Structures are given as C-alpha cells and as structure tokens.
Amino acid sequence: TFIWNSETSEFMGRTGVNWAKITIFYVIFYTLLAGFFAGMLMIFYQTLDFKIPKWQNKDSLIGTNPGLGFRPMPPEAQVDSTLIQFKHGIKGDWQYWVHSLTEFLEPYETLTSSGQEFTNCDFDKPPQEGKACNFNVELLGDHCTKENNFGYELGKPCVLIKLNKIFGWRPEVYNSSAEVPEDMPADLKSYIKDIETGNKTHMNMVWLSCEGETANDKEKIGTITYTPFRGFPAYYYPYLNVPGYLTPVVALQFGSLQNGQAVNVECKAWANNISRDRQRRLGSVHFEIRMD
Amino acid sequence: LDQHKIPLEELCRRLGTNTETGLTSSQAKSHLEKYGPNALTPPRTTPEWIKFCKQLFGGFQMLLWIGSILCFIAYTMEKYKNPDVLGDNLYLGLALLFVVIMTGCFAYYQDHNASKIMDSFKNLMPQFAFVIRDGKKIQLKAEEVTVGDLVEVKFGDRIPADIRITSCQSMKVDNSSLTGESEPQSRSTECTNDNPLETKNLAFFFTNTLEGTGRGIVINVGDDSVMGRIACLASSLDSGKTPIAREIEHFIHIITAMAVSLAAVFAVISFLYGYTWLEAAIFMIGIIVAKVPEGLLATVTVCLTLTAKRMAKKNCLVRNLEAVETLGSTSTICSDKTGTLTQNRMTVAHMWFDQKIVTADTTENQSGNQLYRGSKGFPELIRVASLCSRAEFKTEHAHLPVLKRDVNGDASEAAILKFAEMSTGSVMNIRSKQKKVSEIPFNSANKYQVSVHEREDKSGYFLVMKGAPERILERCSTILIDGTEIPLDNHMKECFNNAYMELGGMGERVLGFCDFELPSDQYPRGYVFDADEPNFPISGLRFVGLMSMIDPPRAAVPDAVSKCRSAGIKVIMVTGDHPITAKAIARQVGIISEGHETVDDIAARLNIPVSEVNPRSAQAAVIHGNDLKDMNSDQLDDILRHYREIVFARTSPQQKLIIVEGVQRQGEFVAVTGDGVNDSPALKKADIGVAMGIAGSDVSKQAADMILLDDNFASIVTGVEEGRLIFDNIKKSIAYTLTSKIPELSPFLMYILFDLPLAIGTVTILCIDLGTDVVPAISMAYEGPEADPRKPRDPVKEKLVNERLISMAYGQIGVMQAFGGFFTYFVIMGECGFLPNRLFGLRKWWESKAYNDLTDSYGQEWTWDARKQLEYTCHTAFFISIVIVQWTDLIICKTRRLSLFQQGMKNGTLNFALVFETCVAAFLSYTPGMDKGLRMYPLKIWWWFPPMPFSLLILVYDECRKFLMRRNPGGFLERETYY
Ligand code: ALF
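Protein sequence lines, in the order shown, are assigned to chains A and B.
Mapping of the first sequence onto the numbering used here: residues 497 to 788, in sequence order.
Mapping of the second sequence onto the numbering used here: residues 4 to 982, in sequence order.
Okay, chain A solo, but in the shape it has when bound:
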C-alpha cells in the first residue's frame, strides 16, 4: 500500500507551497541559530590571549607533571603504534626515519645559523626575557647527524627524546646525591655522583633514564649512549612560549641491538616535582624499537 496521493499534491506530508514555507522557515531558523552561535564564539574569542593560555601551569588539567616523547615517530596511518621498523644496510628501509629525524632537527640548524634572538645560554648564564635558549646540533655529537644517515645506516639507530613544554613550568632538580629517590637506575645515581664531584653547576638539570620495560627487554636492549647531557638542562624550561622556541633534546644511541628482536623501552624524567607511573605514563614515554 503506497498511499502516495501525488495526484492531490501531498508530497507525503504537505503541498508544494507548504513545503516551501517549512523549508524557508527551517533555513532561516538554522541561519540565525548559526549566527547566534558564531557571535557567541566571537564574544568568547575577544576575551582570549592568543599568545598565552588562559589557564596555565597548575590551574589547567595539564598540571605540573610533564611527559617525554620520542621524536622519530611511526608513519601516518600508523598512529596507533609506537614501533620503529628498519633494516640496517645499504639496501634498507631507513629512508623514512632518517628523513623524519632530519625534518625535526631543521629549526636547530637553519634559524640557529642566524640566531637573531637566540641566546647562547649556559648553566651559569640565565636567558634574557623573550629570548629562547639555543640548542646547537653539534651538541648532539657526530653519530646523530644527517651526514651519517642519522645512525640508521650501520645498524646503530639513535632516537631523540624531548620533554613536554608545559607553559610556565618551573622544574625543581635534586640538590644532592642523597636527595635523589630510590628506584632510580644505578647508572643514573653514579652519573649524579660524578656530576656532583665535578662541576656542581651541571647538577641543575632534569635527568633522563631509558630502560627496557619487560624484564627480558632489560637484557635484550644493550647499552645506551646518551650523546648529549644525560638529561635535559634546567635553563630552557620556564617556557612562556617565546617565539622560535627550541626544546632541548637528549639523543639516545642504541649501540648494541640484536637483529630481528623487538625491544620495548621506557624513559622517565627524574625531578622532584615530576611523578612516574607505568600505567598512565606520567613523567615517562614508551616506544618500541626493532631492527631486522
């Protein structure tokens, strides 16, 4: 039973003039509704500082707990995974990782060549207001360089790590080799003792430490060579969104990695006002590297 009744107009609910009326009414209703919504969004916009977040630091839900992030990153359409896959050797798939690492480190070479507002900061030299502290690429050694295919050539990949830039964050670093907590790897404690014995200025920095997650990944990962300082420094961190900001990076270097064997790594920062958790991944990052 169609009961269409097209002969007496009746386009299933009304005549042509009635449909025209309801359509123009709906069109205008939605038009001024979108107008009201856009006006309210503009009214909200005029009360925003586009350079500084309305809620900063601890007021927001970002909090005072930053998290790390490995840079090489998986390819797009693989946003679910954290795996870096490549085959060492001339006939290898190194190209994507090498090109991505080159692209990320682009601002650290081009704009730093001029450095109009860049400041050659140091541990005893605080930055000037409105000036982002410099980060020379040569500070990342020679192996983590695009010239040596960013290390993805000889079978010794090197992966950059960076801290989250929480706005207005004020890192607090340990002031003694006794203030440091437990559960820190003995390598980092020995490094801290060496730094404290040496130049006491260098101990003012946030400490990184990469280790395998699974108990077997502890011994299947091999040694790690943090080519720059073993952790980010502490004279970049009051972020404040300076234009042309360069985040400090710590470049790992997986010297010994068994072929065809997956390794899951977890790197955690070590500062007093930084938490660490294996589940929410607070104050830590998790990436998986496998070499074939």
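By construction, these hints were calculated from the structure, which means they are not laboratory data.
Where is the CB? At the ideal position from N, CA and C, for every residue including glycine.
Some hints here could point you the wrong way.
Unchecked claim - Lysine-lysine pairs mimicking DSS-like chemistry, simulated, CA-CA at most 25 Å apart:
id, chain 1, residue 1, chain 2, residue 2
1, B, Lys84, A, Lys714
2, A, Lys550, B, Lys871
3, B, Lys935, A, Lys554
4, B, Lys871, A, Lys658
5, A, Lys547, B, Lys935
6, A, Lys554, B, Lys852
Stated by the list, open to error - Pulled from the structure, derived: some chain B residues nowhere near chain A, Cβ distances all over 12 Å:
id, residue
7, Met65
8, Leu97
9, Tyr112
10, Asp241
11, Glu459
12, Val531
13, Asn715
Let chain A serve as the given structure and place chain B with the ligand on it in line with the hints.
Chain B with the ligand in isolation, oriented as in the chain A frame:
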C-alpha cells in the same frame, strides 16, 4: 436448542430419562464419562515468566541488547590486545544490561492485569440438595450431577443445573445473573415463547430460587449451560491493546525507525572512513545509546501510577495501570440500567389521589420536595398503605437509616413500607395505635390483601385492600375525592383508566388502594371473621388511589450522563429489561433528550404505519433484543451511525458482546459500566470496563479494569477529565525527554563527520536519561490543565507522537540544546589551550596513546592522561550544559498553548525537580570518587555559565512563538509547530 419447546416425553426419550426415577447408577456413570464437567472449565493461562521474558524484548530494549553485547565484545578486544586494560567497557556493558532489565520490569508492572474471573465464580452451587435417581433422594456433591438426571430444587438452593422444568407449584426464581433484574419470576411447566431465555418452562444454572419447589431434567451441565457459556466466553476474551498502549507501541516504532536507520547509515560512513573494528564498535554504542531514551518507558509507567494514586483518592480503584487513560479516549460508553444507572431499589415515584398525579422523592439522601404531605388524601392513603397487612423491618438492622434497613416481603411490599415510614416518621406508632385482628395473604390468582383493623375509638372494624387496579376497579363502587366519598360514575372510570394507562406509560408498576368501613351494628365488638369464607363485603369498596413503583436513578446519574454527552462521549443504554421500563429510565436520566421521539412515538403521533415513517425523522431508538437477534452487522452499524441516543433493551448477555463488537467496528473505543454477571463479557471486551463497588457482583469486580468503590456515577466524568489530562501530560513528558536526544547524539555525529575529539561520553549519557532527566519528566504528571480539550480533539482523536512533536523535539528546540552544549565544549578547549582551528582533524591523534606530546595552539604538549583528563572535564561540562538548557526545556514544556506568565509556576514537583536536577549534577561532579568509573571531574565555577545564554534563547523563542500561535489562531505557525 429447542428442548423447552419439545414435550417432556420427547426429552425423556432423547436422554433416556424417567419422570419418576430419572436414571440409574450405571446410566449416571455413562453420562459422566460421556461428559462430566458440570462446572466452569478452568481457563488456559500463561505463566508469569514467559510474559515477563517477552516483555524484556522490544524496540528500546532490543537495541540496548545489541549495545550491551557490543561493549562486551569491545572489552574482550581490549583485554586480549592489552592485558592490563582497566574495566570500563565491561562495567558499561553491565550497566546497559541493567537498563534492559529495569525497563523490562517497569513495562511488566504497567501490564499486570490480575483478573482471575474464573476463580471469582466462587459461589457456584455448593451442597447440592436432592436428586431422585434410584428412587431415593441423595444429598450428593455439587458436580456429580449430569444430564438426564431428575433434580429436586426447593427454596434458595441455587438451581443445580439447566433443567427443563417438569413439575412445580408456586415456583418463582430470580435469574438476576441473566438479566440483572432480581425481581422474582414465576416459572411454569409450559413454554411461553420461542426464545429459551424468556420461557417459564426452563430453569437455569445460576438462580437462587426464592420459592416454589420444582422438578426438572438436566438438559446440560457446564460449558453449554447459559451461565457456563458466559463464564467460558468471559474468560476467553481480551480487549486487545489499550489506546495508550497502542500509542506507546506506535511511539516505539517511530523512534526505533530512526535509530536503526541512523545506526545503519553510520555503519557505512564509518567503514568508508577508515575506522577499525574497535573504533566502529566503540562508536556504535554511542549512536544507539544517545538515540534510545533509557528513562522514557519507565517514566510513563510512573506517570500513570501517580495519577492512579490521585484518582484512587476519589474512591476510584484501578486494576490495570494503562486503563487509567482510556476513559479519556473513549467516545461511546455503554451502560446498564438496574444497578448502574438506577439504585436497584424499587421505590414509589408517582401517586394518584383526588384526580392528581405528583412525583415522590426518590433520592437516596432524601433531598426531594415533600410538598404532598399537606394533601387531604395523603393521611387516608398512607393509612391504607400502612395497615394493608404490611411487612416488617429487621431488628438487627434497626440502627441503620430507614432506606438502608432490610425488609421481609416482595419488592412492592417493601416500597410502600419505606414510603410510609419516611412520610409519617414512625409507623410503629400507627402499629401501636392500630392493632391487627385479621389478614388475608397474597394469592396467585386473586392476589389481594384483606385485613381487619380495630378502630381507635373501638367502635367498628376497618377494611384495607390493595391489588392490581383493574381487579379492584370492579370491587370499588365509590371513590374518595377531596375527603368526600363520591360514587363511581362513568367519568371516574374513564379518569381511572386515563391515569392508570398514563401511570403505565412511564413503565411504573402500579397497584390500587381501597378501603371500607364495616358497620358497627352488623359487626359489633367481638365479631368473628372467617378467612376461608369471607363474612365481610368484598366488592363495591371505597376506592382511594393508585400507588406507583419504579426503579429510580441515583442522585449523581442525571448530571453524569449530561456531562458525558457534553464531552463528546455518546452514551448508549444496554439493559436486559423490557423496552417500556428502559425507555422510561433512559428519558429520565438524560440519555434520550426531551422532545426527541423514536419511530414508534412519531408514528404513534401521526397515527400512520411506523414502517412508512422515515428513520431519519426519529432520533432515539428502543431496539428490542428480538430485533437485534435477527439483524446482521450491516444494519447494526447503520443504526449505530444513523441515530445517536440508542437504547437497547431485553438483551441477553451474549448480545451485549454483539453490541460492543458492533460499536468497535466504527473504530471507537467503547467503555462498559455494569454491576452483574450478565455484563461480564462486555466488561472484558470493552477497552475499559468500569464496575460498581458496592452494588456490584463479585465477577463484575474481578472482570473490570476499574472499580467505583463509592458507586458515584459522577466519578466517570472525573475519570474522563483525568484521563484526558494524563494523556496530554504524558505527551508533554515525551516532548521533553526527546529534546535531550539530539544534544546527546550530536557530539557523536560531529565526531565522525568532522574529526573532533569526543564531547559527550557514553557513561555520561546514562547519567542524563536514567539520572537527572527522570524527576522533571515524572513531575509533568502533576501539571494542571490549560483551557479545555472538550472541543479540540473531544475524545483525544490524535496520536501521542507526531511530525509536529518530532519537528519540535528533534528539530527546533533540540538543536538549540546541542549548540548550547558545544559552546561550553569549545570554551573549555579554547581556554585550556586547544583552539577550534586545531581541534578539527584531531580525532586520530587524540585517542591514540602513541602521541604523548600532542600539541595545542600555544605550543604546549599534552600527555595521554592530561588529554583524556581534559576530555572528561568537557564530558562533565556537556552533561551540565545539557542539564542547564533543560531548566528552560522543562519550563517551556510545562505549557503548550498559554504563556508561562499566564499559567504560573505552581507545580510543587516541578520546582523541586529543578532543584533536584542541579543538585544531582553538582553532587555527581564535585565529590572525590566519581572520576573513577563515571568519568566526572570538578568544574571551575566559571564553566557553569557558558550554556546559560542558550537557555535564555530557548525560553525567549518558545514563549515568543506561543504568543504568535495563540495569536493568528490556526496560523500555519501553529499548523506546523503545535505538537
Ligand atoms: F440492569 Al442489567 F444486566 F444489570 F440489564
């Protein structure tokens, strides 16, 4: 069945029966094994579990079945692909399952018809009296009796089974379970007419025989006896679907239509967008949870419960929840005369004296006009009415009022006694002042009452004498006129018949009254009177007047039938009495309007063949059961449509079913009001069956969807207004909870069309439908009426949900809630760092745990936890924004045609509900602990304000339209926005 027509010998040879011994034991065993029900066969019943189990499945529950299962599969995918995944989809999976059961349990309570009408026939016939089988009387069991068996009935033994009366004397039985009337009917061993229900030759299963012995052969026992058929036919009958249930099922069909169509569409635009199996699975449980209202069928069940609780406070008990409303959508209401429209108390109405007729008070409360007490003929007539060998009251009911006092005697003897008791105040004083010395009982042919009373001065003897007026017309030679004894002339005889036929004109049974003064010289003190051979004058007495008796209506009845016919509801008498009495009461109560004449009346006035009289000319109808029997459905529907005030009389209990099924053919919803076993089929077949709470039989109560405990027929009119009020209030709850579905749904379709991070969480949705938006939806059951729906949609001839409601819930008002909700979502994201330019296209990375450093518009980097923490705060804010734009939604749904300033916020539940709405939202989002499974986080005191401007816009818009629609009445605006 023509066994009453055929002679006794024919039936005896048909059944092998004997007029003196009936049957033998072996033949009794044979008849038992052939058929031995002799009782009402128990009805087929379905268990509660299967009815509940099939109530667990529907349109709103089958979808939640698919939703509940899907998150169970989703949790399995997460567990075996992530061994340390917390339990979020599993507990949501359990939650949606609990919604299925709780809503699958609210529906059960709505349809919980507890009517064991078969177990209501508890009386039947225990302790069978006597049977003449084997030449001896046996006081055997109730059921063993079979056909071909001679039974021995006496006084008040509930005739054992349908017996062809064979022999009897002074036999009167009361088939009050057949025609409602309890007046005794004399039975004789002779068929009087073809119809077996109106012959004195046949007894019946259910008659508590008043007097007369009786002998009969059992024609049948149970399931074929007249009572047996009705009980079986009453048990195996269902009204079908109540009008509110049909609308609700239509409502479910409409919403399930969009929900299954939208989910089917979004199973196509998802899979064509790259969503993995889990992403689509997680998405599907969003667009089938926002769409289906989890707290709507439960809301309607409670809304009906509240008005049933309120309507029961007016002594109107309701057995079926959904039967509360169907007194509002009904349009034709059948009825019953004796017991429902009348007091079932034969009382005097009109009095003939001194060539005058005046009406006597008949109200139970005795509020009538006693203007006749000053008449000169009043004292003599009441003296004759009281001294005529009389009847007596009861001592054990003496303390009750005079009308409520029980009597011993016939109904006619009862009526005169109450009237005399009411008039003179205390006729016992007349008893004390007037002793009795002689009396003659009512016979079966002469049936007079002669008594002799000693004169107060002790000088002579007084003669009292009442009987049928025709019989005492010849026995009277003089007539009392204005206190003067006037000889009966030709003028008086013509006047006597004129009043007599006029009195019978209104069907009022009458009996004449006359007296005579015995001479003192011929009958001095100590005169001996012989009763067998009278020694006093019997004829040529002094006529006094005529008394009338008719079963009068109650006090509330004349108003109720007047208001019911004013609310669009036509009323039809469906009785079992003679048409003359039915026509008299029908005109009296108001069913037949004054000045409206039927074919017989019109033809009578024209003195022409009633056949030639045009049916159109007539308005009312007095169709008799015999005429109703031989006409088919074609003419029956014609007379139901042609006229409007039909009065069906002399209708068998199975003919009331034909009437109700006849009326329902037009598409109307019939209501039946009755008291007795006869109308049990009509009560079960009608959409709503209203019974009587005091003057109603046991089966009539147990086979009805409503009970009038106070017997006030005026409660029907109140039920109509309350039935039409709850229907509109329910519709205003539907239009309110359907406005939450698009603000709940919009974040999901905005999550897939454009790639925005999710705004509303599925768990958050369950906190709206099952949570806050329950008490306000319940509160609308308390909303008072506005204007009158008497003229607009008189019997609510409209759908519960229609295109105007969808266009006003899913359309105009609903969209302005989604925009208001999303404005808060963009405010928090913009304030915390994620500007709207960055938000679009961020779905892939937002959910992904690979990116621990996703950047906002100010260069920050959020972790996965701080991203999700921010998203859950927006989930809370969207929830509160939906709640805040629901304050205005409630207020603008409180009214439907009148502005708020006219109606006034004077609904106690509603004002409390608004406080309950905010407090639950505030409590659920500001206490440590509910960020641990409900995903609810504290909000800044500045994040409750963003949705407020959209709340004001909705209120200003709706009230503005109301002004336009109340103006320009019938304007296309109303034509396409008035739900
Ligand atoms: F008055 Al009835 F059935 F009770 F016709």
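Now for the hints, and whether the structure bears them out:
no. : hint                : in the structure
1   : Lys84/B x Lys714/A  : holds, 22 Å
2   : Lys550/A x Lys871/B : holds, 19 Å
3   : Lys935/B x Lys554/A : holds, 21 Å
4   : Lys871/B x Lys658/A : holds, 21 Å
5   : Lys547/A x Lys935/B : violated, 34 Å
6   : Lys554/A x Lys852/B : holds, 23 Å
7   : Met65               : holds, 26 Å
8   : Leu97               : holds, 23 Å
9   : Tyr112              : holds, 36 Å
10  : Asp241              : holds, 27 Å
11  : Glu459              : holds, 87 Å
12  : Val531              : holds, 92 Å
13  : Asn715              : holds, 46 Å
Going through the hint list in order, the structure does not satisfy hint 5, though it satisfies all others.
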